[PDB]
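Below sits a lone chain in structure tokens, taken as the form deposited in one PDB entry.
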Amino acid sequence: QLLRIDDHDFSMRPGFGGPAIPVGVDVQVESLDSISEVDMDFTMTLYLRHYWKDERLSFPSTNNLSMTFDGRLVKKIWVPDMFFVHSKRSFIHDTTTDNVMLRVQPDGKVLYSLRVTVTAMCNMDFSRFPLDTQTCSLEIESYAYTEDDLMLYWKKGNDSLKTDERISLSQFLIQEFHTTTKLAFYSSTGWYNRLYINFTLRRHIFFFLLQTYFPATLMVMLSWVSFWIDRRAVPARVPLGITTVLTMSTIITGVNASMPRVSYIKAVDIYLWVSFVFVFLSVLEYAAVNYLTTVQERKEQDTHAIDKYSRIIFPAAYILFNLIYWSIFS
């Protein structure tokens, strides 16, 4: 055997009982699988690499070049114990074998690689849905060793994060990948060092626009045509308002069937509910004209001024509301 595995005890870290051992980390992101709003999490697949030195793995050679081993020797040597903080579930691919790589230099330098899929929690705010921007992060930390025994740092500073050119999402836009570092404290174990991977997401508005705002505006404009019909055609102006109310209710239910039950109001609800009031007030206007006409004719025993005023009042108010709404929320 080239390596003297049987001559050492690998249940203790290198430099046991002494100074800490530095460990480097490199990360390459392969793809983002899915994003969930009800559960508030996301999925990511990446390659994780570790760098450290162990003098117990030295072997004699002349070329001074890295040598690759099959990978089943990992269960016989010491290996770091990194884990993902605030994760829900994760696994390692094992087809057709474990996706593990192990390269050892003659002096004792070791390279270790893995391929994992991780689901992690991300807190999102929907106060501007569906015109919002979200920020998420992925955290890496050692589980058993504190900063007094294991120091964790990025191998090459910012240049330690690589991304695939095929990363794409059908619903979002991904930008601004960067890495940071911070310390963590646990009340009963000690201090630990954390690594972060940050990115930003932006939503696409075209689908939501064409699927929600256009039908609502169409129904609102359809509600207006009743003002141009003679009041003597009783079975001609009530069905318009009734069907517009029904369609607005159906649209509201369909839109609300998707997002989770938050405790605050979203941007889309403001537009939909105001448009419901405009349609609702249309029915009341006709009832007022009908009642006034009956009272006026009773005392005695053309177009009324109410319709002529409404034909100009309603569109101006709707346009002003739309301008304000699209100026506030951009």
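Here the rigid core means the biggest group of C-alpha atoms that line up within 1.5 Å when the two forms are laid on top of each other. Positions refer to the first chain, counted from 1. Compared with the form deposited in another entry:
Superposition of the core reveals a Cα shift of 2 Å or more for residue 250 between these two forms. After superposing the rigid core, the C-alpha of residue 166 moves by less than 2 Å between these two forms. Shown in the overlay between these two forms, fitted on the rigid core, is a CA shift at residue 93 smaller than 2 Å.
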The other form holds:
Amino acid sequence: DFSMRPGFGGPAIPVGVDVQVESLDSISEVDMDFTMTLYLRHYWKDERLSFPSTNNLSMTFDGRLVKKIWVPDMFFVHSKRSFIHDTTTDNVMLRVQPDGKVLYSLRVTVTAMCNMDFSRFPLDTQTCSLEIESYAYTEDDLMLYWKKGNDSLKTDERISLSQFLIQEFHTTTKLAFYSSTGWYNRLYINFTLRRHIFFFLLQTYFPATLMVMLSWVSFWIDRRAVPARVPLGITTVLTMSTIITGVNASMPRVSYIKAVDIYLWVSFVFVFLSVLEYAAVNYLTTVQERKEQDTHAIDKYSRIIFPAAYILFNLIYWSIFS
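Requested next: the structure of the form deposited in another entry (the form deposited in one PDB entry having been shown above).
We keep it simple here and write out only the one chain, dropping partners and molecules.
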């Protein structure tokens, strides 16, 4: 009866796992998941499968036999969707030795969940993993382990992403508990992800800084030139609003406050202050003309105070986000 495991009713069957990674295929920051494609290999012994031959060598069989015999039942924990490839036929392999020792192999694609934190964006670093477990049988019936310890993961040479840098592949194990069903063995594959920071600098931090620097030119123009100092400020506000809106229309739509938001809105406030300043100056000059009938003090103080405050802001900000 191949509807029962080897040693059914006695001790547990040892089963050993080996993996080779083909590609990482895509990543979603909104949905917090990744997609991966791999080969997965299993090893065990089943004397019911032993056959009388002198060759001492394995024999390859088609995947038709897999529906007749007994076979493990691993599954991918915290997956959203997966499948086995089937063109031009099922991507399945079975090899059996005269002893009854079996090798069993599959090609599969999996989408898996990875919780991410974007509060340090674009200076964040993320770490994800893929988890493998037996569905039906508990550690009292099936023993699951990496077939060669640390050497049981292989990774392909041409793996890459158009938006990320990948590093630090390693494996580990853990024992897990369900309240209604029991204890199981679980295997893990781990890796790390990072970004290209200079791209984001050039695209986001650089224009805003130039705009704040442009708002400081106003302190050096003659206060008598009202039709020249009034349009400059409000046009500068317009430009900065355009820039911020542009950045908002292309972000990955996660709805909480991130490191880059703070920089942008602080720059906005600096430009806004620059526009209240000249109103101060104009009003005071005008009342002086009225009262009676050279650079203003607030101009020559602003020329020092504004840049120094911006420099202090930058020091603190990059002390916090490093």
